[PDB]
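Q: Given next are the chains, with one letter for each unit.
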Amino acid sequence: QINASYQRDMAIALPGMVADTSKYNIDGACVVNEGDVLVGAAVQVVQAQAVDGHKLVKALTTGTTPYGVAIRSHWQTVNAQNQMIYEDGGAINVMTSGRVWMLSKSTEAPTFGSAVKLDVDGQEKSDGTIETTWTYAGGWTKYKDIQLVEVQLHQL
Amino acid sequence: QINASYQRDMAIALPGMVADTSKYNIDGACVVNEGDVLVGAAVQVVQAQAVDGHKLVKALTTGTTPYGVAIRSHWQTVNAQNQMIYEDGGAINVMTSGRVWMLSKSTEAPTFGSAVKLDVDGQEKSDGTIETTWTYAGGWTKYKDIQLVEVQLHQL
Amino acid sequence: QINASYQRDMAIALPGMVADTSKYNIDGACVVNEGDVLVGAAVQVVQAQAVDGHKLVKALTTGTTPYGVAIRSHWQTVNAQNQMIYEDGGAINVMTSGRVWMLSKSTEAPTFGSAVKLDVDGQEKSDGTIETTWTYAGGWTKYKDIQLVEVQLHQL
Amino acid sequence: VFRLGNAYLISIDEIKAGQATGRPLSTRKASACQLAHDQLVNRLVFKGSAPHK
Amino acid sequence: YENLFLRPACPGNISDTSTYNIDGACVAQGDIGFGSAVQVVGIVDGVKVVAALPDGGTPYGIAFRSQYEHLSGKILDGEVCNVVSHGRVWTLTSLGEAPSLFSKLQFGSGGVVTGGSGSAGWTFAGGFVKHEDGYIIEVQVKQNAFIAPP
Amino acid sequence: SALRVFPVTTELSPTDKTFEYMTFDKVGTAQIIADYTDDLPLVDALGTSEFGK
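Chains as they are written, first to last, in my numbering: chain E, 1 to 156; chain Y, 157 to 312; chain F, 313 to 468; chain R, 469 to 521; chain D, 522 to 671; chain C, 672 to 724.
Isolated chain E, as found in the complex:
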């Protein structure tokens, strides 16, 4: 008889997870009643309160400027397809600066230092029509049936 020992590696990242600890900036907001927002996808601001500055956010739509990216946090639910989501009514955590793992649906790894272009639904696309100030960070990984890409986010 010959003894055996096996080996297995862990995954690198999860959708919407903070990449590293390099000078991040996360703020809380409230989700607008219309539509759910996927964790790890961009969001837009529709109205900011005048007294203090609290903001109402919803999913990105064509012809709008993004604000930040939804991240994993304490408050988060499960959808029908087991996709992790932010509900219509509740608090949301949004990252405005730093490195984050964000959903992608392209097919080829991006180049370091170039700009990031998004799609209507708020996910990465190599030839999208939405122009953003964010930058690629070089990380490119593949969770089970999920594509992820690492993005540097600059404060707006």
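Simulated from the structure, these hints should not be mistaken for lab results. Even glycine gets a Cβ: it sits at the ideal position worked out from N, Cα and C. Incorrect hints may appear among the rest.
Label-pair distances were calculated between CB atoms; the ranges are [stated by the list, open to error]: (1) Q163(Y) <-> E691(C): 46 to 52 Å; (2) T495(R) <-> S161(Y): 24 to 30 Å; (3) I564(D) <-> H154(E): 26 to 32 Å; (4) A265(Y) <-> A475(R): 54 to 60 Å; (5) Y299(Y) <-> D127(E): 30 to 36 Å.
Take the given structure of chain E and dock chains Y, F, R, D and C to it, following the hints.
A: Okay, now just chains Y, F, R, D and C, sitting in the frame of chain E:
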């Protein structure tokens, strides 16, 4: 037969020293590739590993884009040609934001708040060919036969 | 199982080593001038001090007359570029008559009793340009990719 | 009345290396800070500062 | 993982606890009022000399409210001064209505906000309240946003 | 299984950064001689080292 007392002043800066304790950011997940890097000179990123995550950096050359400045460290640096350098295949301390003392090749004081133009060797010059987005923060001193300038850096 | 015993042979010679115990003569009142000398290569005299008595030697160059060959010494030598050399500004042993092993660039065995031709860099090589008055002493072996030849030197 | 200030940085690797080799670095940096403070006081006394009146 | 808000909305103070930077080694020429933009006129011995914003200058920061350094009510000539170079801060304004969110602000004379159609610089952060028959806005200051002309 | 298949030693201090080790070698020969002989050969020795980080 009367006593006397004398006065002497310390120098202010040193090549590769952080100017102050402002909001700064240091990347230590980079590795020197293809040669050596001089402390107090700009560096460039060749490529970033997609899975491992270590960035590959080297000295600045014409037609490239600067990324950061190597800083001082009494433990990570190697002594050669009567100064501190970073050897090939070793971890490096790149500075991505904050105030840093850089080497210079000019002869006159610069204007506060103006844009910084570098030479093809990564050393400051008043009429260099490589243009950046970093700024002069006001400091302008001189060590023994070494000219230094205080430069403010932000993320690329 | 049945046991086994093996056999091995040591190397014959080394660069810059005294070949045997014939009548020799080694001059030690010389000093290296303007550079360094590889052990096992020819040298030249540039100037002899009239009142001090020391002789200034350096590596052989084209259109000159060689004077001797440096020999091995574990005390008066310095380790450099994975070889053993005589550094600048120090005492040196120079063999002026006798049998010595020196570096070679030739590819075929020489003929006993013939004349020795040296290359421009001071290493023995057939069909060379510099003519000498030394002889081959019948010795031709290689120490791990280094070609050595045995030369008899008559004093100038 | 007026106020002074400065600082310095140090890392765990440097601290351990100093403790191992016998010569530290934090002591030298603190000495430099104190000397800078004293020279600043003396310079303020003997040379003044026009922008600070 | 969230950022806390700050309680009193007075002019000249900070509005959030996000990433901020305060440049405390400065001196004033002339008189400066809390909540106004300042410019750097010179540097002596590692100290920056600041004055109120003129026409044609490039703003550097915004004067910051402190209850020990400035016992008078404003910053006086020859005083050490606090200046905010990065972060969200309440500024005096002459505008009448709130501009579009995340637009580019423009500074009139004396360091007051009067424009919302600039090309590059600081941006509106979404806060707009009323002070003394005048208004207060919330600005997001970034470090290398305004670059001194050659 | 990397820590089990290969041996694990303990010789480096937690503050050392490089290490070096040495190797030695020798040469020589012999010959058949007569009573009056002044041409005996000679011998010598060597040394080498390597580095690690």
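Q: For every hint, state whether the structure bears it out.
A: Consistency of the hints with the structure:
1. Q163(Y) <-> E691(C): 46 to 52 Å: For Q163(Y) and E691(C) the Cβ distance comes to about 48 Å; the hint holds.
2. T495(R) <-> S161(Y): 24 to 30 Å: For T495(R) and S161(Y) the Cβ distance comes to about 26 Å; the hint holds.
3. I564(D) <-> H154(E): 26 to 32 Å: holds (29 Å)
4. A265(Y) <-> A475(R): 54 to 60 Å: Violated - the Cβ-Cβ distance for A265(Y) and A475(R), about 26 Å, lies outside 54 to 60 Å.
5. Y299(Y) <-> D127(E): 30 to 36 Å: This hint is violated: roughly 51 Å between Cβ atoms.
The structure fails to meet hints 4, 5 from the earlier list, while all remaining hints are met.
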